[PDB]
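Only one chain is given next, in structure tokens, and it is the form deposited without nicotinamide-adenine-dinucleotide.
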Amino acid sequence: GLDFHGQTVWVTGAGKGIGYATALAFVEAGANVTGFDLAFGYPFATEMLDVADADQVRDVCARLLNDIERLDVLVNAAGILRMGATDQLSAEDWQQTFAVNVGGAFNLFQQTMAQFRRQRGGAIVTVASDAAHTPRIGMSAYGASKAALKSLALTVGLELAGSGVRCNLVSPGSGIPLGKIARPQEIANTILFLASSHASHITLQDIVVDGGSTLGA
């Protein structure tokens, strides 16, 4: 099974959706979970955090890293979706899309990489999107932000490979597709797999969970 007993697990975007399902799944698997979100009863510890807010990420992460022994798993599951034709998208939606969808994980990585290096090992799973894999009308900015996020996460994975850290992604969707859209609980199970000891030879990979809509791209 998927067992994370005793492990310290951080999940961003934990107030709803994929991040919430993932946090709950880690709690069920025996982990000590902290969930982070803009705002929020929860069966895990909660921290308010705007992942785009670099000063808040620094303050919150520094405080928490003082009291833990290892950060066993980091899940980046924060994100926002702002759709529109490329030439109709507002300036605010462009800036916010990148600040959250790329800057968020950037800020987390800036504050956690030294911990991964000093402890050795651990796993990072980042939630991208199948829009990072194929052009999607109406999602040029969203897709582009998720493509940046994927690229960033893979280079961070290369930077941390010498420390033994495994770094992977899941790309949810937004007779093909096959079956109903994949729900947060299904995404959460894939995240736990990639975070687990059963995936110890898997790094720099990205599993698309969208019923095949990208035709393998």
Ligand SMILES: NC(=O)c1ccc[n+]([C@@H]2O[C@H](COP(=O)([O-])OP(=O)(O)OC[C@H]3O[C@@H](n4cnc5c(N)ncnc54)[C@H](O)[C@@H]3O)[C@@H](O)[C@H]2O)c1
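Residues that one form lacks are left out of the comparison. Positions refer to the first chain, counted from 1. Here the rigid core means the biggest group of C-alpha atoms that line up within 1.5 Å when the two forms are laid on top of each other. First, how it differs from the form solved in complex with nicotinamide-adenine-dinucleotide.
Residue range 175 to 177 is the only run of 3 or more whose C-alphas all shift by 2 angstroms or more between these two forms once the rigid core is superposed.
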Contents of the next structure:
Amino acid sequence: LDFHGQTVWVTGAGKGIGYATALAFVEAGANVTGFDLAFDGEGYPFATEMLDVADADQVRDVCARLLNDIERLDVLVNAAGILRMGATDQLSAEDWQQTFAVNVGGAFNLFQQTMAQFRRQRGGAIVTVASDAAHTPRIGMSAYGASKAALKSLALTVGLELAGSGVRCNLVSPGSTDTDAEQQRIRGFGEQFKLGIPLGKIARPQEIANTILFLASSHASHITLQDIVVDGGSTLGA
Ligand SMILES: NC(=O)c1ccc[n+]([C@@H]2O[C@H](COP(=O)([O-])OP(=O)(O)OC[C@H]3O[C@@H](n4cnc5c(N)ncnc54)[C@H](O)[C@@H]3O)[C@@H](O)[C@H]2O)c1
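Rather than the form deposited without nicotinamide-adenine-dinucleotide that you just supplied, could I have the structure of the form solved in complex with nicotinamide-adenine-dinucleotide?
What follows is the whole complex; the chain from before opens it.
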């Protein structure tokens, strides 16, 4: 897949799926910018911008600065996110608040600062990383799952608001990804009503990034408001 000369922004580019996706876009020929709280590696094969996606003021300021000098923003990938686990009645006030500020507020702030640009240029692609936990309830992850369901609903409504402008807006919802507990995930936990993984393996970040590239590409030129679950079948299609 080819992205030569296209401007691509990826949040959460510091590691995990965000890094793998920013890298895949580089290897597809794009001009990439990764945004993240921290870039603790010694080097990155793309340009980097310190950014707390939950700080609405910092997002405004960075997006304004960068949009001053780019003609066109071909692809925005929302991949920043955190996981805070706990039973619903034991989750701390702080874990609830930052779960939502980061996992939903982050994309909301990016949308508030970039939608005008997508409207102006009359096209582009957005891809937002949700989670399998937005598709199915997960013991221990009520807050995380709900924050990713909010994210999914947000990105689909944004996609409907920008469809008039020719923008495609989609999601990828990863299951367990590598970022003997692995063989027990694959088998499943019947006791917590969490199915194993029929494909008999967990995901590699590249397999999430590859799906994001497809959805951001012109091969997906008629695909909008879709959410591809990448999880070896663990949710059984739900
Ligand atoms: N790993 C899995 O199995 C899995 C499953 C479902 C969903 N996901 C989702 O995939 C995406 C990437 O997750 P990962 O597994 O690569 O996680 P990770 O923790 O390895 O990396 C996520 C990155 O997000 C960045 N980030 C966190 N808070 C931020 C903030 N406020 N502002 C800017 N950047 C911030 C972190 O600094 C980190 O670099 C996330 O959206 C995550 O929720 C992952």
